[PDB]
Amino acid sequence: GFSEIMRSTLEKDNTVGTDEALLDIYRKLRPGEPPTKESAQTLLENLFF
Amino acid sequence: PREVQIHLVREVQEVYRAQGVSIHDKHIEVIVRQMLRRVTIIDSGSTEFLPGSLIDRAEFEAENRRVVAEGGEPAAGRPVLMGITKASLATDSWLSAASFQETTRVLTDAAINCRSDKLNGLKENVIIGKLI
Amino acid sequence: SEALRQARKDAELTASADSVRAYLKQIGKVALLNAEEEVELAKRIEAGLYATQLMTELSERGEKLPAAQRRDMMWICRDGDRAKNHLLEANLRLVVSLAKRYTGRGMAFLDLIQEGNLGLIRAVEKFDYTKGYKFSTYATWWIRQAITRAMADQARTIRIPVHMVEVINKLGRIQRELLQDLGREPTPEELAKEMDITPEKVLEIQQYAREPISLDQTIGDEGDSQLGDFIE
Amino acid sequence: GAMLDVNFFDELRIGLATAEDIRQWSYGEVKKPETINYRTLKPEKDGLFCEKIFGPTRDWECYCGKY
Amino acid sequence: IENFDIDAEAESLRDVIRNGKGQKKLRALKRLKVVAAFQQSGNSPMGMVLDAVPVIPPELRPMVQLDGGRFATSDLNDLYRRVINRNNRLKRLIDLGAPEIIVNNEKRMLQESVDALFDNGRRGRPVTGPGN
Amino acid sequence: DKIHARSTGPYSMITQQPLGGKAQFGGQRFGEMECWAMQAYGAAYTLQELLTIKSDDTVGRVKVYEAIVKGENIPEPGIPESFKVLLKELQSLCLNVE
Amino acid sequence: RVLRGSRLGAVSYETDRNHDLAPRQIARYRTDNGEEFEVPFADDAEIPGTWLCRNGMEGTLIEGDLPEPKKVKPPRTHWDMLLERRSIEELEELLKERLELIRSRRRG
Ligand SMILES: [Zn+2]
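Protein chains in written order, with the working numbering: chain A, 65 to 113; chain B, 911 to 1042; chain C, 674 to 905; chain D, 588 to 654; chain E, 3 to 134; chain F, 34 to 131; chain G, -9 to 98.
No lab work stands behind these hints, which were simulated from the structure alone.
From the three backbone atoms N, C-alpha and C, an ideal C-beta is built for every residue, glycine too.
Each hint should be verified, as a subset may be incorrect.
[To be verified] Which residues of chain E face chain B? A few of them, derived with a C-beta cut under 10 angstroms, are:
# : residue
1 : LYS27
2 : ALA38
3 : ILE96
[Claimed, not checked] Coverage of chain F stretches by chain D, computed from C-beta distances (three or more under 8 angstroms per stretch; other residues unrestricted):
# : region
4 : 101 to 112
5 : 122 to 130
Start from the sequences, fold in the hints, and give me the full structure.
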């Protein structure tokens, strides 16, 4: 909240939306296949949590 | 080119002065003469040259005497200093150049150019076991 | 959905550096069939084969060929070829499905796949439709036979005839099973009792079983040290 | 230019080898992936060590052992 | 390469490096280098394709056995075996008659095999063996 | 543990060099800088001996041995084996090495 | 300690006499694409008219010695594989049913 880093990254997000960023992470994770949004929420929990 | 020899020799010798090491400058002067063997070429002139081509000064001088008569358009030449690992690789003896780097690109052009080596350097005569 | 389709079609055609992936994508274009499709294609195959048999006995002047009859028997002759090629292109996916389980042992994957294609050719040659089954069940035997034949033939640096490879595999299966269930390592005399043979034959078979090592491994502690140099 | 190895060349011309030169150099098309027979340890016929192609492993000895 | 008069593109590239401008001129120079290289010697670009592959003599790739009969290959015999097998299989499928997906796939496998035999790992993934 | 000499002992398998190492009779690695130094002396002949007829001239080595025990003059060094190995590899890479 | 090896071949040590040899014939061979090949057989040697030459094919002898033409058999055909399970009349009825199928294709 209190940084030019957070302001500049909040403006330099260029991918807004929760599941939009889910499928963005997932299509960056896959590349080469159609994605699915619900696996994007859990493969995150798979690969780290 | 004169001062750049005197610049190279005295600066390198300045290092070995600092360690108390006596190196006679003619051991340095052999190397500096080897670096400035080639000039650069920007004009094709009249006889088959390319822009930026690094060829020998004496050979650039050699072709010009045969071409000032019958089409006196010499190549626009400029003496250039080229580095040690680069001046080594830009040799005519490809067999000597094969022991340097990625040997494929030493050789695939060589068979394309059909560049016959003349075994005149002492490096290659070591390899074939000729009397060097 | 157009965004995920666009991203998938962008990320699907990036490099195609793998020839196996290229072959997979290539063979995935022909459509599958069913039993009556097999029956129709096999009818076309046998019809074209009888057409070229009639052409073979018609190669000498047994019959004055009409134009329409010559062209329609040639149509049938090429039609059977089209049906046969259609069937092979249908069942290449079956060949892939069988070959995907016999990798990890010596041979290359595309080589296994192509030997399975040859076995699939033999299966669709010797395939019958009046027996009334799925083609895949009958083709499985021929494809797995050609796969095992290729893995017996071209998977060793020295060629071993297939029966000795079979008894080597039987010995290895018995040996892994005996090391598992016995708990400790089996004695070769007990193994010779197990395969009802002589222990000296077991030793000869084990001597045949040792695959050679390469000379081009960095066997010494130095990476530049070559194993092939240190041989008197 | 002779390859008969008399220890004087003064010249060495590399170059691309044609398919005609490749089939000119050889001693028969090797045509089997069989290196050494597993039992007799002799080189297989027309394989990657075939003595008819390359030459004999035993000095002045034909393979069947007649001469 | 068969229907390729090299002298036509040689004169075309001569004209382009004579009259052109910008990086098209230097690109035609870089092409004209190898075009005049092939034109200069008595070579031909027909040998750039390969119709018969030579085998290194087998003592240089020996199969020596050891004490206890431990044989030792030389890691080229596996590449040669793969090329030999793929060529034999391709010949069998050609004389048999097969769908062209199969034939072109076998030809591609042969091509990758030859490529790895000359230089493993030059294209794609390197072909490995035991212990990868 | 260290003193280690060889006149004529075992050889390598693929190359024809004398197999070094104290487990064998073992030569000495005549390395690159030694070739440089003996180039710098201008001693061409000793370099030719060290790179042909003590190392790889197969028919030359037995003639050297014969000339010594017969007490005759040392014959001319022939072509080294490693150069012919290089020639056969380069011919095998579809390169016409004329 | 030291591992040794032996390439499985015999090495003798004799004199290379280029004068005292077994005398020998030379048989010229002509391949399928007219290629000449001169195989040195011995003197006391039956010359086979056929010979796998250096070409990588079969090269017959340059004379008209008339070797055996085939002495072989065809392996099998797809028609043979067909005939092992079906009847000639079965295939002829399939031929007539496909003739009627191309009749419905053509003018029916
Ligand atoms: Zn013999």
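Evaluated hints:
no.: 1; hint: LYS27; verdict: holds, 9 angstroms
no.: 2; hint: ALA38; verdict: holds, 8 angstroms
no.: 3; hint: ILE96; verdict: violated, 31 angstroms
no.: 4; hint: 101 to 112; verdict: holds (count 4)
no.: 5; hint: 122 to 130; verdict: holds (count 6)
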